[PDB]
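Quick setup: one chain, the form deposited without the DNA, written in C-alpha cells, and binding and motion questions come after.
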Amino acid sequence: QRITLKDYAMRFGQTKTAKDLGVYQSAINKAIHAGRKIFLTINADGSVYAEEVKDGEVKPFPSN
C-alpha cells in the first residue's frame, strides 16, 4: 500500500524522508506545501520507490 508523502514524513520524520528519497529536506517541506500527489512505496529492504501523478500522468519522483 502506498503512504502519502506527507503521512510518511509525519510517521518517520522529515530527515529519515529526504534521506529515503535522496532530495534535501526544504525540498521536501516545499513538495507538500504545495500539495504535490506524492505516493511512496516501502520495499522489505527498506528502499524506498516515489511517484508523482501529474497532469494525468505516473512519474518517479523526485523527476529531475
Contents of the next structure:
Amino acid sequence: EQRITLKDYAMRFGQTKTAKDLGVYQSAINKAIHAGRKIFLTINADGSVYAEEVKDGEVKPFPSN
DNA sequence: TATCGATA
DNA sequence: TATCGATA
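Since the structure above is the form deposited without the DNA, I would like to see how the form deposited with the DNA bound looks, so please show that one next.
Full complex below, order starting with the chain above.
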C-alpha cells in the first residue's frame, strides 16, 4: 500500500498495468521478474508509482535509460 | 536473438 | 566505465 516488490505488484495488478505505470515495455517486466531482480516500487499517495532496483550495495533506478 | 544509445 | 531496455 506504500512499498512492494515488483513481482508482487505484478501478481496484484498484472504485467500489463504494471508496465504502463513504469513506462516500459511489458516484455521488459516479465523478463525482469524472470530474472528475479530486487526491484521495489513505491506508491505516492496520488497513486503514482516508482521503482528502484537494489543493484550491488547500491540502489539504482528503474529503469536506468 | 543481438546491437546500440542512453544512463549513472 | 558498465548496465539495461529497446530495436529488428
